[PDB]
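Engineer: Here are the chains, one letter per residue:
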Amino acid sequence: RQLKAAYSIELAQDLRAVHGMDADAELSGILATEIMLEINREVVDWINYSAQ
Amino acid sequence: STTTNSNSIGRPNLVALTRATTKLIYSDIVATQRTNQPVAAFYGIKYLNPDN
Numbered sequence: 264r265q266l267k268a269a270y271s272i273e274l275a276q277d278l279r280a281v282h283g284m285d286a287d288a289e290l291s292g293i294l295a296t297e298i299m300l301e302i303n304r305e306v307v308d309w310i311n312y313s314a315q
Numbered sequence: 011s012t013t014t015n016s017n018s019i020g021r022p023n024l025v026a027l028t029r030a031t032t033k034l035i036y037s038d039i040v041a042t043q044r045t046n047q048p049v050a051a052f053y054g055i056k057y058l059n060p061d062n
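Sequence lines, in order, name chains AP and B. Going by PDB author numbering, the first residue of the first sequence is number 264, and it counts up by one from there. Going by PDB author numbering, the first residue of the second sequence is number 11, and it counts up by one from there.
Extracted from the complex, chain AP is given alone in its bound form:
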């Protein structure tokens, strides 16, 4: 499983300013968390899939 993300440099500046959060870490904090949720869903999904 894999995922990608595309953030512009100027967005990193604006997000670092104004609000005050690093634009880079959020996408890493989103993609990695999202993938783990899907796998954690797939394990649950298979159980109901295979249940009698």
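It should be emphasised that the hints constitute simulated quantities derived from the structure, not laboratory data. From the three backbone atoms N, C-alpha and C, an ideal C-beta is built for every residue, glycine too. Be a bit skeptical, because a hint or two may be false.
Said to hold, decoys possible - A partial selection of chain B residues facing chain AP, derived with a Cβ cut-off under 10 Å:
1) 43
2) 47
3) 51
Said to hold, decoys possible - Computed far set for chain B versus chain AP, every beta-carbon distance over 10 Å:
4) 13
5) 25
6) 26
7) 27
8) 29
9) 33
10) 37
11) 46
12) 58
Unchecked claim - Derived DEER-like restraints, expressed as beta-carbon distance ranges:
13) AP/307 <-> B/42: 56 to 66 Å
14) AP/276 <-> B/62: 26 to 36 Å
15) B/50 <-> AP/269: 25 to 35 Å
16) B/53 <-> AP/270: 58 to 68 Å
17) B/49 <-> AP/303: 13 to 23 Å
18) B/53 <-> AP/276: 22 to 32 Å
19) AP/274 <-> B/51: 15 to 25 Å
20) AP/292 <-> B/30: 48 to 58 Å
21) AP/312 <-> B/50: 51 to 61 Å
Assemble chain B onto chain AP, guided by the hints.
Structural biologist: Quick look at chain B alone, frame taken from chain AP:
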């Protein structure tokens, strides 16, 4: 009679470089002040008469 024509020159000496840069005038023509937001706002405060 061995003249200078018999001898062969080597790498010519590099006496001088020559770059071309304009006499940039913008630190003197305008008033500069760095902004910490992507949108910069100027306040115009004016004094009026009863006739505005």
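Engineer: Take the hints in turn and mark each one as holding or not.
Structural biologist: Tested hints:
Hint status for residue 43 of chain B: violated, given a least beta-carbon distance of 16 Å to chain AP, over 10 Å. About 6 Å separates the beta-carbon of residue 47 of chain B from the nearest beta-carbon of chain AP, less than 10 Å, and the hint is met. Annotation: interface hint on residue 51 of chain B violated; nearest CB of chain AP at approximately 14 Å, more than 10 Å. Separation of residue 13 of chain B from chain AP is adequate, the least Cβ-Cβ distance of about 65 Å exceeding the 10 Å criterion.
For residue 25 of chain B, the condition that its CB be more than 10 Å from all CB atoms of chain AP holds, with the nearest at approximately 43 Å. Every Cβ of chain AP is farther than 10 Å from the Cβ of residue 26 of chain B; the closest lies at roughly 39 Å, confirming the non-interface assignment. No Cβ of chain AP comes within 10 Å of the Cβ of residue 27 of chain B; the nearest lies about 34 Å off, and the non-interface call holds. For residue 29 of chain B, the shortest C-beta to C-beta distance to chain AP comes to about 30 Å, beyond the 10 Å cut-off, and the non-interface label holds.
Non-interface call for residue 33 of chain B relative to chain AP: holds, since the shortest CB-CB distance, roughly 31 Å, exceeds 10 Å. The claim that residue 37 of chain B lies off the interface holds: its Cβ sits roughly 23 Å from the closest Cβ of chain AP, which is beyond the 10 Å cut-off. In this structure residue 46 of chain B is not separated from chain AP by more than 10 Å, as the shortest Cβ-Cβ distance comes to only about 6 Å. Residue 58 of chain B, annotated as away from the interface, keeps every beta carbon of chain AP farther than 10 Å; the closest lies near 34 Å.
Distance hint check for residue 307 of chain AP and residue 42 of chain B: the Cβ-Cβ separation is about 59 Å, which falls inside the suggested range of 56 to 66 Å. Here the CB-CB span from residue 276 of chain AP to residue 62 of chain B is close to 41 Å, at odds with the stated 26 to 36 Å. Take residue 50 of chain B and residue 269 of chain AP: their Cβ atoms lie about 28 Å apart, and the range 25 to 35 Å holds. Between residue 53 of chain B and residue 270 of chain AP the CB atoms are about 34 Å apart, so this pair departs from the stated range of 58 to 68 Å.
Residue 49 of chain B and residue 303 of chain AP have their C-beta atoms about 41 Å apart, which leaves the hinted 13 to 23 Å range violated. Between residue 53 of chain B and residue 276 of chain AP, the C-beta spacing of about 24 Å keeps the proposed range 22 to 32 Å intact. The given range of 15 to 25 Å is respected by residue 274 of chain AP and residue 51 of chain B, whose C-beta atoms sit roughly 21 Å from each other. A hinted range of 48 to 58 Å for the beta carbons of residue 292 of chain AP and residue 30 of chain B is consistent with their spacing of about 49 Å.
Remark: the range hint 51 to 61 Å for residue 312 of chain AP to residue 50 of chain B is upheld by a beta-carbon distance near 57 Å.
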